[PDB]
Structures are given as structure tokens and as C-alpha cells.
Amino acid sequence: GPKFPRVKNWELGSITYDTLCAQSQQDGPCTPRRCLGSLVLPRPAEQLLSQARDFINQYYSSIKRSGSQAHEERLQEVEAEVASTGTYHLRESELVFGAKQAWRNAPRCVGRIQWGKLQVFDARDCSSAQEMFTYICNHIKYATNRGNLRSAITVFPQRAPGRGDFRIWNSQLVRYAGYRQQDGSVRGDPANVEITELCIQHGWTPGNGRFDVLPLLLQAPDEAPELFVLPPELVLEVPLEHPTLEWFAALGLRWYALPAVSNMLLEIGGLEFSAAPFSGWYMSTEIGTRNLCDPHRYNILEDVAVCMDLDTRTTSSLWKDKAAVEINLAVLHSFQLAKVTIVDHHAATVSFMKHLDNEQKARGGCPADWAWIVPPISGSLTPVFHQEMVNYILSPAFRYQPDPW
Amino acid sequence: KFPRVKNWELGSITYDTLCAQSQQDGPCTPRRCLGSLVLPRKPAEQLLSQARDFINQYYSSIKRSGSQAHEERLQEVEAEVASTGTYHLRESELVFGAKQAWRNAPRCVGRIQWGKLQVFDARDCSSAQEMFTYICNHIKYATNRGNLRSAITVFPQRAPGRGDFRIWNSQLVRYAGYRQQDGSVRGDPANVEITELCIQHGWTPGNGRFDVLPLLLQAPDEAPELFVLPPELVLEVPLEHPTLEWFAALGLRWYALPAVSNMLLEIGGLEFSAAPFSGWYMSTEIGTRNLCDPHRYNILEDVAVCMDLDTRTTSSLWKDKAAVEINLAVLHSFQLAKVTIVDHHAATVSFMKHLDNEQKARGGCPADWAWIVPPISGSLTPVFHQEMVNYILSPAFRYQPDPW
Ligand code: HEM
Ligand code: HEM
Ligand SMILES: Clc1cccc(CCCNCCc2ccnc(-n3ccnc3)n2)c1
Ligand SMILES: Clc1cccc(CCCNCCc2ccnc(-n3ccnc3)n2)c1
Ligand SMILES: C[C@H](O)[C@H](O)[C@H]1CNc2nc(N)[nH]c(=O)c2N1
Ligand SMILES: C[C@H](O)[C@H](O)[C@H]1CNc2nc(N)[nH]c(=O)c2N1
Ligand SMILES: [Zn+2]
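So the sequence lines, in the order shown, correspond to chains A and B. As numbered in the deposited numbering, residues 67 to 109, 121 to 482 make up the first sequence, in order. As numbered in the deposited numbering, residues 69 to 110, 121 to 482 make up the second sequence, in order.
The shape of chain A in the complex, shown without the other chains:
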């Protein structure tokens, strides 16, 4: 009946319509002629003002004062600030709402049931790389909380016309080094070969382990990036063991507690925060399947399968599926043992389904990227697999940005 995408759950037979997508102001990559929904990265005061107006309207709606005196005054205040300076600034409570809405709007994040509980740290007074380091350490301490992890984001000053950006060069606050070898192989995390070489070029004395924590490369405006080593006591790690396979511990595997993305751009009302690291807690498949089993990452599948004595000479033995399972179980078991927050892919997807129902009621839909929401193992075993999803771009948003080098 209604002129909006009809969305179906095939497990439960239930139907919803997404009216929220009508609020989207920015185009995705798809056209009627072809769907590009599987691509990871698909390709002026007038413009700013309309984005600023839209966001201020969003903010005043959220506090139930849409159409009010203070609403129209804030609108006038922003237009006049853009009139004289070419940009404008957010009130603290506007920044908090916007950071939360950006998370809420993130189609690829399965953790969004938690969106209303996000600690927003204002670091818009930051004026140096040393000061960025302090704020980042504070974020890591607060968010790690000795294993009882808390969602947090730290927001550094916005892009300024003329002036250069605040940037964190690392893709995460915690990452393991990747050292290219003579034979052409990589020791450590192959994902991190480039940032590792950048750190060395900038004066880091490199290790030679599989799990060396990288230093931070931090760039304050119009300045070369400075190098900062995180003090080991701040970086909580978890040695990996298996509940029943006693040899698993002898593999010497481990992972860090805090998943903190540090290279994404936070956009709010046309303002761009080029440095705004955020952190949650892991879903176990991120570590157990992607980081540890991706062929282009640590690639430990064959190693674990040989220890399990599987027939790795034939696909039909399902040796890959078997090893992958035990590795995920190991990640789950070790984090629980160490009392570090983690969520398995079953409980995560169940909570996301609950989130979808909340947002259906609250907003008339929820933008979601099926390929990213569905876990990388046991897909159809989780409820989200059977849930159709509409994907679109809402603002405030987190967006990829080019590497600063």
C-alpha cells in the first residue's frame, strides 16, 4: 500500500515499511540499473547553511522544542555566524546529540542498541599533539575501565578554513605492528604494514614480535605528525586459551581489549571533525574470524586445523569451518575468563534485532548494511540473516576519509 520500501523478516513473516529513508539527503552508490551495495568503499556557505539548519532542526526536535523561540534564535545565531566567519560552532549539548545520532545512523555497526549510552568527551580546546596524546590516554583509561568497557568518543577541533586538520594517522588507537620480511612474508598484522613503516620513518624503534603494540602518530594543524608510545599498562590485552583444547594456549595468541576506530570523519551539521576516535567493545567474530582467520590477516586457520589433526587436504572435511569455530570459542572463553567485555555474534545480532524494533517505533526505520551486520561465520544461524534491511545515508554521520599521507 504505502509509498515506502516494504521490509520483510523471512523467519517471522512480519512486515514493516521504512519511512525514515525519506529523511536521507545524500546519495549512496546504487542506481536502478545496478546495485553496488557490496562495495566497501564506493566513490560554500550556501551548502553549509542548509546542512546546519537541518541539524539544528534535528536538535530542537529531539528536545521537543521545534518551532520555539530558542529554536529560531539558534537558527539566526548560526546563519549570522556563518555570515561573518564562513563557519560556525556547536554548543556542547548539540555536540553530544550529534555524536550519538552519528552512531545511531551508522549502517554498518551492529552495536547500536547501545547508542543512547555513549560518553562524549569534548576536546575541542585541544591545541597540540602532546595534548591530543593526553586526551587519547584519558579516553583509553575511561573506556577500558579495567575490563568493564564503556562506549566513548573524544572529539577534537573541527576542520577550519585555511588552517590544517587534526588527524590521528593510525586506523585504530590499538593496533599490532606488521613487519615485512626478507622472504616477502609479514611478521605481525599484514593489515598494518604501511602504518608500521610510517612509524619507523618517523623515528620509532621497531620490535620483531607478532603482537607489538604500535605507537600513535598524531598530527596537530599544519605540523608534522609527532610520535607517541602508549604506556603498556594502559593497553589491556587478553592471552587466548581454549576451554578444552589445552594446547591452544601454547600458540601464544592474544588480542587487545579496546576496539577504538581513530581515522573516521565525524560530520555534524556540515562541520567536519577529522579527529574523533570512538571505541566500543568487540564482537568476538571481529577477532576470532576476521583478525585471526582472514587469509590477508593473521591467517591462523591452517595452523589450528593441523593441531586439531583435521584433514586439510580436502574442502569436504570442513576443516576450515571446524578450526574457525574453535578459535571463536577461544576468543569468547578467554575474554570472559579475563573479565573483559565481549559479545558473541548470537547475542549481538539478537540485540540488533531489538534495536531494529526500537527504531521502527522511534523513527520509522533504521539504515542497515546487511553484508556488514550479518556475522562472517554462522550467518543464517543468527536472526539478522533473515531480516531484509534498507541502506541509506543519514546525517550526522561517520564517514571514511583519505589517509593524511
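A few of these clues could be false.
What the hints assert, rightly or not - In silico DSS-like pairs for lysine-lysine, Cα to Cα no more than 27 Å straight-line: (1) A:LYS218 <-> A:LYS194; (2) A:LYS399 <-> B:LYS416; (3) B:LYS431 <-> A:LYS399; (4) B:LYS110 <-> A:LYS438; (5) A:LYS74 <-> B:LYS110.
Read the hints as simulated data drawn from the structure, not as lab findings.
With chain A's structure known, arrange chain B with the ligands on it following the hints.
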């Protein structure tokens, strides 16, 4: 302009130029992507242009573009449409069209095989009885005592003003689903409705979990007729496990032949509303979707308890462990019974080879990532890390409404 397609495991990049040949809109728009949706939301000049396009494809396929045989066939088609509002395919054109529709099917992981397809012309069918004979031959040919062979049987095309030839069943072989008094379902819950239709049309129902359904076949503007498949035609594989001796005691089994019977085959503007096709199973279809889906046979918990796994919590990964052993049982049992089957690793590996072949042959390949990526162990397969472009090429298989 043209999509840039990256494989994130290998760092390799292709560009899809084939998508520019799409003449049919999918569900997406720049404002929102609807790629995860299973189904679509919903004259002479048009038909003639779809026809010329297809005849052009055919003659190009046999390296005779521009030949007088090409020119003459274009005029036959034009003369026939201009006089009758429609036209008919030559058998060779039909054979080519069916192979191309399979080739162009974005959701099929089995397309490496697309050039090897037995095509039965059943367009001289005038009754449900005759459809049944054709279907039985298809099943015999395709099953081949467990050495499965891909096949399609093509029944008469749609015609203006008259009803369609239709097979009412969604597959040639399906197990019955009997709604019990207490709201549960004995058998396959996916087939409750088709089971009820069969009973209403005179079928005497069984009461098992794996009762093979009769076929409801419909000749134009006639009530469907009921036909029981001779039990010797329907090859089945009892499921057992290589190391778990108790597994056979579950009484599980599945049929050898995966044959879709409710899709529409469109070629050159002509529509074939009954054109059942079959290949062979990819193991996860049976082991994961058919047996483990919560709204199907849903055996996960049962298997987990036999394995004495901790069912109380999600974090023991009991579901993941049980699912793996079930898929293993399927592979072992089909291999023991000498029935053709492909595991999801072998399948996805051959699909990558197909993507490469198609890049060289056509400059691209329409693929639906959500469907190509297996339902367990996704990122453990190469297709997970492969960007894909989805679009509709013709000849095509399409969904169509239920005839009831
Ligand atoms: C609280 C627990 C959280 C969980 C369990 C969680 C889970 C996830 C997962 C599994 C992904 C997929 C990432 C990948 O596969 O590369 C993801 C992506 C993402 N998350 Fe979260 N997340 C959480 C918190 C947060 C927070 C606090 C934010 C921001 C305020 C956030 C924003 C995002 C964004 C923007 C992406 C997309 C990143 C990309 O496209 O590369 N998440 N999340
Ligand atoms: C020969 C071995 C074959 C294999 C291994 C194979 C594999 C698959 C699989 C796994 C699917 C997804 C089905 C689902 O999960 O619902 C699929 C879909 C499909 N296949 Fe095949 N297939 C084979 C042969 C064929 C043949 C012979 C045809 C037609 C001539 C064909 C046409 C299609 C079409 C049109 C779909 C989409 C079905 C839908 O949208 O419901 N396949 N295939
Ligand atoms: Cl090489 C490349 C190019 C484009 C996108 C890509 C995705 C990787 C980044 N995606 C986020 C991964 C990640 C890591 C730690 N933590 C989170 N995280 C934290 C809270 N929520 C998600 N997410 C890679
Ligand atoms: Cl319930 C619902 C409504 C609309 C579409 C849907 C798709 C399911 C069927 N998709 C094909 C399943 C299937 C079964 C047997 N065999 C094959 N098969 C054979 C060769 N290739 C695929 N495919 C379900
Ligand atoms: C090619 C494909 O889009 C790519 O491998 C995607 C698929 N889904 C994903 N899903 C999540 N959560 N994270 C990822 O990195 C990816 N990668
Ligand atoms: C909603 C979602 O698109 C739907 O459940 C899809 C996902 N991928 C699939 N993939 C295959 N092979 N078969 C399916 O039925 C589905 N179902
Ligand atoms: Zn799309």
C-alpha cells in the same frame, strides 16, 4: 560511469562494463539500497526490440552476425510479430536462450557449469498428463542414478488472453508439511500451503516428516491435476555422520535432485511460465538452510543435545558446532550414496574461477553477494572478500505470482 570492483583478499581490481547492457531496473535508487530484499515489490514495438536483441545475441554466439541467415531470421520474427503480436523460437535459439538465462542468474553459485545444460523442448505439450510425462523424463535424466546432470524442460510459452501452463509446486521434489492441531508442523513448514492445496485437490496425505509431495500441474484455464511421482524416480539420501554413530538414528534424509519449478524463463521477450530446471545441491542448502533454519526443520537444538553441548548460553557456540556437524553429515552421506554434491568451499572457489572467465568473456558478471556468500563460514570463502555488481541481463529467470 563503470563500477570499480575490488577483491580485498588479493588487492586486484576489475571494471564491470557488462552492466551497461542492462535494460531492466532493479530495486535500488541513489537514495536507498534495497539489495537485501528477496522479492521485487511488484506491446509490439517493445516485444520486437527484445526479439531483435536476442536474435542478435544468438547469431553473434555462433559467429554469424550479418550473415543472410541472421538477416532472414530477423525478418521472420518481424513478420510474425507484425501479423500475430508474437513469434516463436527455433529449438537451437531456445537451447541458447536457456543457457544464457542461467549464465545471467545473479543468485546462482553454480554458474561455472552454465555451458553444460541439457535442454528438453516440451513446447508441444497440450495437457497436464503430458507435462507429467515430460517431468518424469526430466527427473530420470537429471538424476542418472546419482551422477546428476543439469537439465531444463521448457513448456509452452505464455500467450495473450489464455491462462499459463504452470507447475504449482515450487520444486519438483518437496517434503510435505502437515499443520498439527497444536499449531506445530510435522514435516517441512515451508510447504504447509502447497501440502494443503494437494489434500484439497484429492491427495491422500501421509503423516511423516519426509513425505514426498505429489505434483499439481496446470494446463491453461483448467483446474490443476494431481500426479504422484513414482517412488523409484525420487532418489533420496539417508543422512549419517562419519564419527557420530547416533546421528543416523535421527532418521534424517534428503532428496538428491534440487529442481526449481516455479520460476519464469524469459527469452527474447517471450515468457515461459513453466520451465523447471535442476542442477545439484551445494551442501549448505541442505545442511544449513533446509535442516537448521528456525522456520524449516530446525534441528539445531536436537543435534546439540545429542552432542551434549551447553544449550543454556549462546557463548558456547553450540549452534555453530551443531551446524558444522550437520553439514558434515550431509557431505559424507551424499558421497557415501554416490550422489553428486558440492561443498561450499569447492563451490565458491569454482565461482571465483567463473567470475574470472566472465570478466574476459563479457567484461563482467552480475552477482548477488548476499546469495553467493554461503550461510555458514562466509568469510572463510573467497567470495566474501570479493566485491560484486548486481543487475538484470536478459535472457533471465524471474519470479512470478502463485497461480492460486
Ligand atoms: C558498544 C559496542 C559496539 C559494538 C559491539 C560494535 C560493533 C561493531 C561491528 C561488529 C562493526 C563492524 C566493523 C567491521 O567489521 O570492520 C562496527 C562498525 C562500526 N561501528 Fe560499532 N560497535 C560498538 C560501538 C560503537 C560506537 C561507540 C561507535 C561510534 C560512536 C560505533 C560506530 C561504528 C561505525 C561508524 C562503524 C562502521 C565502520 C566502518 O564502516 O569501517 N560503534 N561496530
Ligand atoms: C549445476 C549445479 C548448480 C549449483 C551447485 C547451483 C547452486 C545454486 C545455489 C546454492 C543457489 C541459491 C539457492 C537458494 O539458496 O535459494 C542457486 C540459485 C539459482 N540457480 Fe543454481 N545451481 C546449479 C544449477 C543451476 C541450473 C542448471 C540453473 C538453470 C538452468 C540454475 C539457476 C539458478 C537460478 C535462476 C537461481 C536463483 C533462484 C532464486 O532466486 O530463487 N542453477 N543456485
Ligand atoms: Cl582497508 C579498509 C578500507 C575501508 C574500510 C575498512 C574497514 C576497516 C575499519 N572498520 C572498522 C573496524 C573496527 C576496528 C575496531 N573497532 C571498531 N569498532 C569499534 C566500535 N565499533 C566498531 N571497528 C578497511
Ligand atoms: Cl518463500 C520464497 C519466496 C520467494 C523466493 C524464494 C526463494 C527460495 C527458492 N530459491 C531457490 C531454491 C532452490 C531449491 C532447489 N534447487 C535450487 N536450485 C537448483 C539449481 N539452482 C538452484 N534452488 C522463497
Ligand atoms: C567485499 C565485501 O563487501 C567485504 O568483504 C565486506 C563484507 N562484509 C563485511 N562485514 C563486516 N562487518 N566487516 C567487513 O569488513 C566486511 N567486509
Ligand atoms: C533477507 C535476506 O536477503 C535473505 O534471507 C537471503 C539472504 N541470502 C540468501 N542466500 C541464499 N543462497 N539463499 C537465500 O534464501 C538467502 N536469503
Ligand atoms: Zn543496492
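Pair hint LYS110 (chain B) and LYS438 (chain A), alpha-carbon separation not exceeding 27 Å
Given that 27 Å is the threshold and the Cα spacing comes to 26 Å, the pair holds.
Tell me if the straight-line CA distance from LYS218 (chain A) to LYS194 (chain A) falls inside 27 Å.
Answer holds: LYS218 (chain A) to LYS194 (chain A) is near 17 Å, not above 27 Å.
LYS74 (chain A) paired with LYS110 (chain B) [C-alpha distance capped at 27 Å]
Roughly 14 Å separates the two Cα atoms, so the pair holds.
Given pair status - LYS416 (chain B), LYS399 (chain A), alpha carbons within 27 Å
holds (24 Å)
Satisfaction of hint between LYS399 (chain A) and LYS431 (chain B), Cα-Cα up to 27 Å
It holds: about 25 Å lies between the C-alpha atoms, which stays within 27 Å.
Consistency with the previously given hints is maintained throughout, with no hint failing.
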